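Given next, in structure tokens, is a single chain: the form deposited in one PDB entry.
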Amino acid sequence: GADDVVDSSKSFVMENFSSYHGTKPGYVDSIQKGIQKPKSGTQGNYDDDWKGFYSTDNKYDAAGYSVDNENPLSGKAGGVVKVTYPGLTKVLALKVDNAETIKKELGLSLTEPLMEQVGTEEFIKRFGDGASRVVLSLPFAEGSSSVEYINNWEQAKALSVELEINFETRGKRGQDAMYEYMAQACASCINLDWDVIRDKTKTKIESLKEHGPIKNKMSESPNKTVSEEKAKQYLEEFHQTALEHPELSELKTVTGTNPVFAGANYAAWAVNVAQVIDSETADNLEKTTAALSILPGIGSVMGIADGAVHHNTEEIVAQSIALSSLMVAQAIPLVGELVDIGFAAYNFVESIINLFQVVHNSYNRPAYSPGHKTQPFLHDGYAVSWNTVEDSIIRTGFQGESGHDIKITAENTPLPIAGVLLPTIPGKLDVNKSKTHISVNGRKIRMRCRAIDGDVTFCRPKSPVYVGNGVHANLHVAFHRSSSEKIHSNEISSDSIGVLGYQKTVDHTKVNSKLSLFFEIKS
């Protein structure tokens, strides 16, 4: 059936339907001359069925596809253009991205490529609803709410093309223009001025070098290939002295308490960069970014931990980059094979700035924190998550029951699950202790549940529960509602189910390992 592949509710006809298309540097003005099937390259897809012109409803997603093909990581970004179809266009939304199914279910030729058929007058006749052409619609990606439009090459000949943004025209260093534009998406939101950050960093790099204690600490350096332990040892000493510079004061404050921001972590980072950068790499930005991009520990220098980007001012970010640069220049001689002063001060800074932008762009994007939807909560060796997104929703406004599955396991050795704290509201959200249980590798363990303070009922497994490598569990919470009255926000004390792991006397007080699965009340 056609409804087995077509989502009618999301299909509609629009007049002057437009979208965006990321364009590579070199083609920003030529493409404005009109949309046409390239005579070189895949023409949209490896699969013949899916060849076509691609566009998205989101101009920021389009911007991410404008970077130079030979230098995808650190290359220039071209621009974004808006393409419009004069008259009426039918955006046909697909429930599936499988061409054989679509051709089968829509009763089309299984011999010809789906995208070719889509552009035929008979197809435009069947599903166009009187529109001049059909454009297929699919979810852009998971974790994304944008759509991807697949346009027939012949039909796309009608698109009017007009410039949105030409990044190259902005005249900014690196990919500053692209990321700045992308930052416009979030009006929180990290909108940094990288021109300023670029300038403060260099000022600080040059200043740091002209600093007695610093250039003196450098005097103590082996300046010869020494052991990594002594290399980290020297570097941590260096960092401790470098950080006393009055230009690195704020960072000195902001990095003093969070362990991830430690001097040891900066030293560890410096070392890793030094061990992977060789002459060739150092001289090539793209290759530098490639090398740097696969190293662990960049969060230390970025000031990112526990789900937050801590270094969010141009001043403090420049301080961290500059400090990192100084440290790499020192790490190189101790464990490297090239011109420390060269790479560190230039190709190293250019590249790391690039990686900061990649990461900020991610934290700027809408995402699910741990314990939300199917995102897992990783803690104390455990891994817990709602089995499905529906499981995370506690629906209200009816008399009846509901079940909610929570997947639980641990990374290695056998770790216990002491119980679970469940929310309750008399009548509106009661726990059915009879259908609530925890299955460990298929072993269904029942629960002995006790009410507690704050509209919370603690349930404990009637048999010991351990999870680990090879041993997994599924906590199934069964809620029952005698009242059809809806749950009101005021009645909901805590918005998460709390799975309790092993017991530790942290803070001199017996604290339990806490794993949280966040829910939403709906309907």
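Just so we're on the same page, rigid core means the largest C-alpha set that superposes within 1.5 Å between forms. Residue numbers count along the first chain shown, from 1. Shifts are known only where both forms have a C-alpha. Compared with the form deposited in another entry:
If you fit the rigid core between these two forms, you'll see the Cα of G26 move by less than 2 angstroms. With a cut-off of 2 Å and the rigid core superposed, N58 has a Cα displacement that falls short of the cut-off between these two forms.
A rigid-body turn of 178° separates the smaller part from the larger between these two forms.
In sequence order, the one region between these two forms where at least three consecutive C-alphas each move 2 angstroms or more after rigid core superposition is 368 to 523.
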The other form holds:
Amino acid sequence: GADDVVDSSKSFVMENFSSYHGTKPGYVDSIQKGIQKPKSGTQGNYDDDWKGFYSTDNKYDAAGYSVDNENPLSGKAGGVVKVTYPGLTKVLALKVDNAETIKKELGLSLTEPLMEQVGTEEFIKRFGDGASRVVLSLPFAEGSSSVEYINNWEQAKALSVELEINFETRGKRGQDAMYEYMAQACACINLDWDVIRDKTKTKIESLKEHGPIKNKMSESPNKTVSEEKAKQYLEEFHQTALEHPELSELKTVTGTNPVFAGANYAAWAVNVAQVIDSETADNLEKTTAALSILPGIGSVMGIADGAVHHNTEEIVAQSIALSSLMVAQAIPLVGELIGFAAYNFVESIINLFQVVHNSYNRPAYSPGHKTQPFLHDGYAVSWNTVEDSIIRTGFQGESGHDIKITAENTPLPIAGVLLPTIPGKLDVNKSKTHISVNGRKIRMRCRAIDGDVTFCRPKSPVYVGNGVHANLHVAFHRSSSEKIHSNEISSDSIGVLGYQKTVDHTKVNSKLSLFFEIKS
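Please give the other form, namely the form deposited in another entry, since only the form deposited in one PDB entry has been shown so far.
Excluded here are partners and other molecules; the one chain stands alone.
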């Protein structure tokens, strides 16, 4: 019955029920003319049961859906709109997010999509408590206290749409306006990136005119040399530059934590020059993709031991300037590309600071592993609960699986995840599969790869560390009644891909695996 799948304590009828929707560039104006199902696309979900218009009670979470899907890491953010139903609306809160279970327990048709039925007159009379329409609600994410609203497409035409914020109107660089907005949530780190950009140029220029530095420059091989030679020279360059007036604050703090040492700045610069080729250097989105999967970014951001130490514009600018200068020195030694170092390197790395600062500005998601974790390259991954490790052979409709992901200290990236499938019968719901980082829900882009495996990459950069923890939520969809056998699946693990490293003179991603148990 209804009390099997409805949370009455979270269900209610409200007048002028409002919620928020994150909107992409190109749509902030047009969406205010009305909510309408797009002619094509997933129209809200991979799964027909879940097709509808999606909103949330939290405008900062809505903002997290506003970035240009063609350029999800570095692209422009559109805005947030507030959608309001006139009259009375029933919010129907669900205790499960399994459509088959919900259709069974609410005595619905098992052969019509759930969200379609939600907008029928019969459903609304049965479950509306007098309201003009029903909206379903679900918890937004692990690590979040926000709510997700799922609106029937035809009923959603009744919505009135107002502007909450248009990020582009602010006329700021990169994703700055979006991240300043999100920081209001907290207050907290809320730096002025315009000031940091200018301080960084002023410091760069300052350093290039420094006697001992440009003399140090003169000593560079200025040619392809080994990684060892390159790192050695760069450590020396760092020592030299750190003595400079404009980096005085940086020098003081530098001895204070091993994370901030020159060796680490040099390793970073080396790694950057190694992965940025001409095509990549010429494209901010590609640059950010490449930088986002490197290890060691905690050194330049001054993040260690659960805290953000580089928490002023001045010291962030000092750190960014020094790293930029070092990247320029490394490119001839090991890279192969002029101007990337003070432009796209700086714009890309600013975006990643913004991401990690936004995570530290959020409450730390449930830090302890609740099952014994798998430990590798500084990461720790565990099944959230034993049940998450089991694929029930007779499951109906869909199944969700939670995996906790942490890292021991500095921020370490999650490049993607490797999910097992079964030819037809068991597929990844690419809409409901996501990663939540201290409650920030990050959508994924998923594609098939060899061996009945689907690879999903987060839309926005994922980092975990001390104080920044994630939940990987895998949503499987059953696309066939035909039963699943315990020996039918080609892959029996979920893979987690970490930072890029070199093995056998080749770039590979750190890999961690958790194994599923298939049983009745």
